[PDB]
Amino acid sequence: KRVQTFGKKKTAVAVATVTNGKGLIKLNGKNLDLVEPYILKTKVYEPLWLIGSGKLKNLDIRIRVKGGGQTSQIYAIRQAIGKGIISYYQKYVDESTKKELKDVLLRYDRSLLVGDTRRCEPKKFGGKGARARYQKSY
Amino acid sequence: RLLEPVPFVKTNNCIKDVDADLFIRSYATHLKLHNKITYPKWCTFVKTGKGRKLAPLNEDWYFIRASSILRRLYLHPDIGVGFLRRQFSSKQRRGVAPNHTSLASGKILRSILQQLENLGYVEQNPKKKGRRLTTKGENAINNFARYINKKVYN
Amino acid sequence: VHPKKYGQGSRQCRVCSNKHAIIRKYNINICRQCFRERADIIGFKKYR
Amino acid sequence: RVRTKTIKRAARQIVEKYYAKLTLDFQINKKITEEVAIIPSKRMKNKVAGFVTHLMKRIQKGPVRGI
Amino acid sequence: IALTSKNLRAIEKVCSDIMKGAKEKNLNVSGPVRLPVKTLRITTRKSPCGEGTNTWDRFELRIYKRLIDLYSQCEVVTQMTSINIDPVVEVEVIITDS
Amino acid sequence: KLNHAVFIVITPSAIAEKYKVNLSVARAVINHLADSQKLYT
Amino acid sequence: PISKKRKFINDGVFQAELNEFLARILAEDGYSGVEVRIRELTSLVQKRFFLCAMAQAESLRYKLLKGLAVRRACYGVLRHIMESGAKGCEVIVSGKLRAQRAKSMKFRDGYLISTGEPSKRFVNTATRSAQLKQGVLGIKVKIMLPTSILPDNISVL
Amino acid sequence: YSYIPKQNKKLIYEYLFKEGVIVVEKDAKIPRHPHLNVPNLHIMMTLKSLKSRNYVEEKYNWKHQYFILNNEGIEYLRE
RNA sequence: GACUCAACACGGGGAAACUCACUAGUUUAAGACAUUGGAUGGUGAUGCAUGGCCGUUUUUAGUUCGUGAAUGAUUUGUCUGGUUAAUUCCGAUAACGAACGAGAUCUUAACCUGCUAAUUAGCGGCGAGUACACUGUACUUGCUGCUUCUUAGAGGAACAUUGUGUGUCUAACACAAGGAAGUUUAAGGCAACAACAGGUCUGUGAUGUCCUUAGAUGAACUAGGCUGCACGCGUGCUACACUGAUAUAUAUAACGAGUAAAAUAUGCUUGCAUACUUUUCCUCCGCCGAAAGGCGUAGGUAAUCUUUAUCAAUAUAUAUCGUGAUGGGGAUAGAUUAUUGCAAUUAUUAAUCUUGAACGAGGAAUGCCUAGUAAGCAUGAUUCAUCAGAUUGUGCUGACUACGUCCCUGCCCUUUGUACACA
Ligand SMILES: [Mg+2]
Ligand SMILES: [Mg+2]
Ligand SMILES: [Mg+2]
Ligand SMILES: [Mg+2]
Ligand SMILES: [Mg+2]
Ligand SMILES: [Mg+2]
Ligand SMILES: [Mg+2]
Ligand SMILES: [Mg+2]
Ligand SMILES: [Mg+2]
Ligand SMILES: [Mg+2]
Ligand SMILES: [Zn+2]
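Chains as they are written, first to last, in the entry's author numbering: chain M, 6 to 143; chain Y, 15 to 168; chain T, 7 to 54; chain W, 3 to 69; chain N, 21 to 118; chain 2, 35 to 42, 58 to 84, 97 to 102; chain D, 4 to 39, 65 to 78, 97 to 193, 207 to 216; chain O, 11 to 89.
The set of hints was computed from the structure by calculation and includes no laboratory data. For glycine and all other residues, C-beta sits at the position ideal for the given N, C-alpha and C. Be aware that one or more of the hints could be misleading.
What the hints assert, rightly or not - As a list, the in silico PhoX-like pairs of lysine-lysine whose alpha-carbon atoms are at most 25 Å apart: (1) 8 (chain D) with 26 (chain N); (2) 51 (chain T) with 75 (chain D); (3) 50 (chain Y) with 27 (chain M); (4) 73 (chain O) with 11 (chain T); (5) 46 (chain M) with 24 (chain Y); (6) 142 (chain D) with 39 (chain O); (7) 25 (chain T) with 39 (chain O); (8) 73 (chain O) with 8 (chain D); (9) 166 (chain D) with 33 (chain N); (10) 26 (chain N) with 52 (chain T); (11) 164 (chain Y) with 24 (chain Y); (12) 10 (chain D) with 11 (chain T); (13) 7 (chain D) with 33 (chain N); (14) 35 (chain M) with 164 (chain Y).
What the hints assert, rightly or not - So the derived label-pair ranges between C-beta atoms look like this: (15) 166 (chain D) with 105 (chain N): 52 to 58 Å; (16) 98 (chain 2) with 48 (chain W): 56 to 62 Å; (17) 33 (chain M) with 7 (chain D): 30 to 36 Å; (18) 8 (chain W) with 6 (chain M): 51 to 57 Å; (19) 124 (chain M) with 157 (chain Y): 42 to 48 Å; (20) 65 (chain N) with 78 (chain D): 33 to 39 Å; (21) 94 (chain N) with 75 (chain M): 51 to 57 Å; (22) 43 (chain M) with 72 (chain Y): 20 to 26 Å; (23) 107 (chain Y) with 44 (chain M): 26 to 32 Å.
With the hints as constraints, model all of the structure from the sequences given.
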């Protein structure tokens, strides 16, 4: 019927509501036709390509993204999609198919199912960044 | 230019399902064709915001701005002048001191809004907050978007 | 007498009347050294 | 990634008293440790359990040099 | 009902107590909702002087605001509130229909 | 120095190299032929 | 009307002030308290508003004021602490002290943990500056209390 | 200012008697004491004077002065 | 004041006045108490009189005891070696056994309970529509099961677990699988012993002595100065362009932080008195204003409002340039319009117009850095009446190169030598 999972890259949680439908796939109120830059577009479409466009004619998808920059957001979206489709399959479709899909995803790469755990480390005094200290002249 | 083999169908119904810049351009063109909106007096020798230190260089930038504003209105429920200004902000290089963010020249925006309301596209709502789109205007925008989509398909 | 209402010399530390280095956030109005000593009693614990 | 005397000492103490309870299974060992000794941490407890397991492994294949 | 406090565990205990009190009878009590802990951070520079590689220290007074709802009469709620309690947890009861 | 002019396998750089021209002029030429980086044949 | 953050800070400040007031007043007392002859104190507070370490420190200061042989006094204090069931202690006295230049003198008995949040928890610490002949003598007392159990121990039954 | 009216002084004394203690605020240009609208400087001066005779005992905290009345002082106040 | 690391955007020190200690002067008692004695005040003198606090030695691994053993200071323990981030362990052993330090602990950040909870968070549920699709999608007003996301309490999870190497097959390491995670998972916080004649009495009513005490080195007021400039050394910012400026359009953060003076009326001579109520901080919004800002009003003492299903810039897309000190660059300057303030000149800052300097990647030297790091990009907060080029947090775009070694530099260790011990 309807399944809600998230992605996560840096801060940037893309929540993918995957429902029964005709196969549209959207972001907040906009088609995945947009995303934003033409270069990165492939990182969002990739899981779909892996799984096949015919498999998602049963499944509508909406995605709510919040927080983060651009690339991170894209990554989050991708992650959400990956988790989402697979989650749907695990519940309402068969198990074998789900397994197959998972295998395919693994063969392509990590990041689709399992998350990127990295996050901005606290800046420390005596410097501008995390490690980068100021400057001594003696 | 934009078109490509995608793995889904696109419900080309509202403007959120259209590519932005192109749409804006189209709207500007339409406006020009109509002669529905003017180009006040000061428009032709003003600077759009503190940070720009230079005139637009687009000739019909006003129209473009208006189009953008329409889109913005459609996107959000109730949107002020301040918000608009914030939206059309850029980096102001203060020469030697590092850059700050720069709030846009709001006057022009306000004028545009006024014009739109006169024409019957935007609506100062007494409930809630500052000026959203008026329903007819919204419908028109949607129609335009649809047209654009059709053109692209063709 | 001359306007003593808005400036560094207008107000002071609550504790020792020093016009320099006052923590003026949250209306604490303690010069920072003094605050550092009384941070325990006020309920300011160093975690990170 | 080596164990302090406190961990080691604890391990030594266990296997002296509670060798009966223990078998080469980590979870079980951890449970036993929890039952017996007063480790306030989780991580520390886990570490202790691991070392106990290691000790156990070392025995059965020979003398440990302790206990 | 809003329970503002500085000490977490104590606050939690208080909340638990009030829940217990509620569970007696007559109280449609919504569960305890802990609010966003708006932490007062002061970054003071250590050292009175200007000597030593200027180490700062981030203090954090982390206030725990806690929130809980009920559909009841004033006296009863007052009674419920009386768990004895002490100077540490700051209580406030709102007796509004809205 | 190389003061290129204005009055008189397609890319702007190539054009510049060949006839000794400003790249705005190259762009213009390209446009004419057709009739932010470029590629033409 | 005042905000929550503002309120909390204010309360903290008030607490601090109260503590300071108590310190000022009660040189003759085993002071710790802070929970609200005494009538005057109450009045003062109203006007304003609209085993233990501190006590030991105070005692030490009093002794110093009286004029003892210092070391002996410290020893006595240590003994008292021991009697009162302390797992460990530490006293420091730095300042002028007999000679003109320098001279910090440690006085430990039982073991005194210094690093960790255990230190923060399981020690009471106190600092008094006893004014004397030609300057100030600088007390700091540090008591390790009975634990509610230390993180280092792993007690097998 | 250095006026010091007599009536005002008397009033201050009465107030002190009623209380037993006076929290002065060691501030130069603060106009009034919280309860009684007297120039604060005058009040401070009076308290200092009292302290000098040992009619009042003082224990200075931060900002405030915290004066507590002595038995001799009380006796004097009888007037 | 501070002078190698361990002074030099440091004293939270971005000083127009106040700050203010200084300069030119002018007032005042804030001279208690019995003109005299006698205190009281000092951003006066002295950190080499001290307190406390902070720095460094040192975030490294180090310090100590009990007893034993080896005229004395002492040594041993606390070590040839292996191992460790670590006097971390193992192993050897005149030592054995402790304690502090390390480790543990604390705080975050990392992934789960599809258990605990549901506003001031959402998701749906569903009415009401407005547009368009097919036989649902986008968008607002009105009403009120789920907890994935949003908040935050308690739990869980990694221990080198299983696999295989190297290792006295000891302590342990390397690789592989599993996994959210395998350098104590990442980051801090805490900080032993002993010091340094390190800093601070210019943080203190912590504080000694000496000085000063009405022609005050006290406080208060009026300017002026800390910003003055042949020059030397710091920390930064901005640059030297085309992976770029310019100008439109598009995209999208996280931590945050936000409440004596003025208005209007009455009574009298711009002043006072009396009455009465919004404003003192964040600004929505609506109007005026090129711009800055202004005026009117609105919410907010805050998960409610500023505002956060988006407050930013790098981004990206499309145009104008076209390698030319060039539209790179914005110094220096000239003249207004504002805002803050009692007061803006030695221009507070801001805006508008114009001025178009050095700089074509930087010599001798030297700094910082190993994964969400460097760098770039901004931005919140601290100071704040006003003013970031500072600091301090926070995020966004996300490299290179190790994965080691003692060659330099600096610490530490054993041996060795010393006429040094102020080392
Ligand atoms: Mg320890
Ligand atoms: Mg300034
Ligand atoms: Mg001055
Ligand atoms: Mg010194
Ligand atoms: Mg030794
Ligand atoms: Mg530690
Ligand atoms: Mg200066
Ligand atoms: Mg600064
Ligand atoms: Mg070096
Ligand atoms: Mg010698
Ligand atoms: Zn102070």
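Exercise. State, for the Cβ atoms of residue 65 (chain N) and residue 78 (chain D), whether the hinted interval 33 to 39 Å holds or is violated.
Key: 34 Å, holds
Practice problem: Given the range 51 to 57 Å, decide if the beta-carbon distance of residue 8 (chain W) to residue 6 (chain M) lies inside it. | Solution: 55 Å, holds
Quiz prompt | Pairwise hint evaluation, residue 75 (chain D) against residue 51 (chain T), where the allowed Cα distance is 25 Å at most | solution = Cα-Cα ~30 Å, so violated.
Self-check item: Restraint status (C-alpha distance of residue 25 (chain T) to residue 39 (chain O) at most 25 Å)
Solution: The given pair, whose Cα atoms are some 16 Å apart, holds under the 25 Å limit.
Self-check item: C-beta pair residue 98 (chain 2), residue 48 (chain W): status relative to the range 56 to 62 Å that was hinted
Solution: Since residue 98 (chain 2) and residue 48 (chain W) have Cβ atoms about 57 Å apart, the given range 56 to 62 Å holds.
Quiz item: Is 42 to 48 Å a correct range for the gap between the Cβ atoms of residue 124 (chain M) and residue 157 (chain Y)?
Solution: 46 Å, holds
Quiz item: Regarding the pair residue 46 (chain M) and residue 24 (chain Y), is the alpha-carbon distance no greater than 25 Å?
Solution: 16 Å, holds
Self-check item: Distance restraint between residue 73 (chain O) and residue 8 (chain D), which requires alpha-carbon spacing of 25 Å or less
Solution: Satisfied, since the Cα-Cα distance of roughly 24 Å is no more than 25 Å.
Quiz item: In this structure, is the beta-carbon distance linking residue 94 (chain N) and residue 75 (chain M) contained in 51 to 57 Å?
Solution: 54 Å, holds
Quiz item: Keeping to a limit of 25 Å between CA atoms, is the pair of residue 7 (chain D) and residue 33 (chain N) held or broken?
Solution: Cα-Cα ~21 Å, so holds.
Quiz item: Does residue 164 (chain Y) pair with residue 24 (chain Y) here, judged by a C-alpha cut-off of 25 Å?
Solution: 12 Å, holds
Quiz item: For the pair supplied as a hint, residue 8 (chain D) and residue 26 (chain N), is the alpha-carbon distance within the 25 Å limit?
Solution: Within the cut-off at roughly 10 Å; holds.
Of the numbered hints listed earlier, those contradicted by the structure are 2, 3, 6 and 15.
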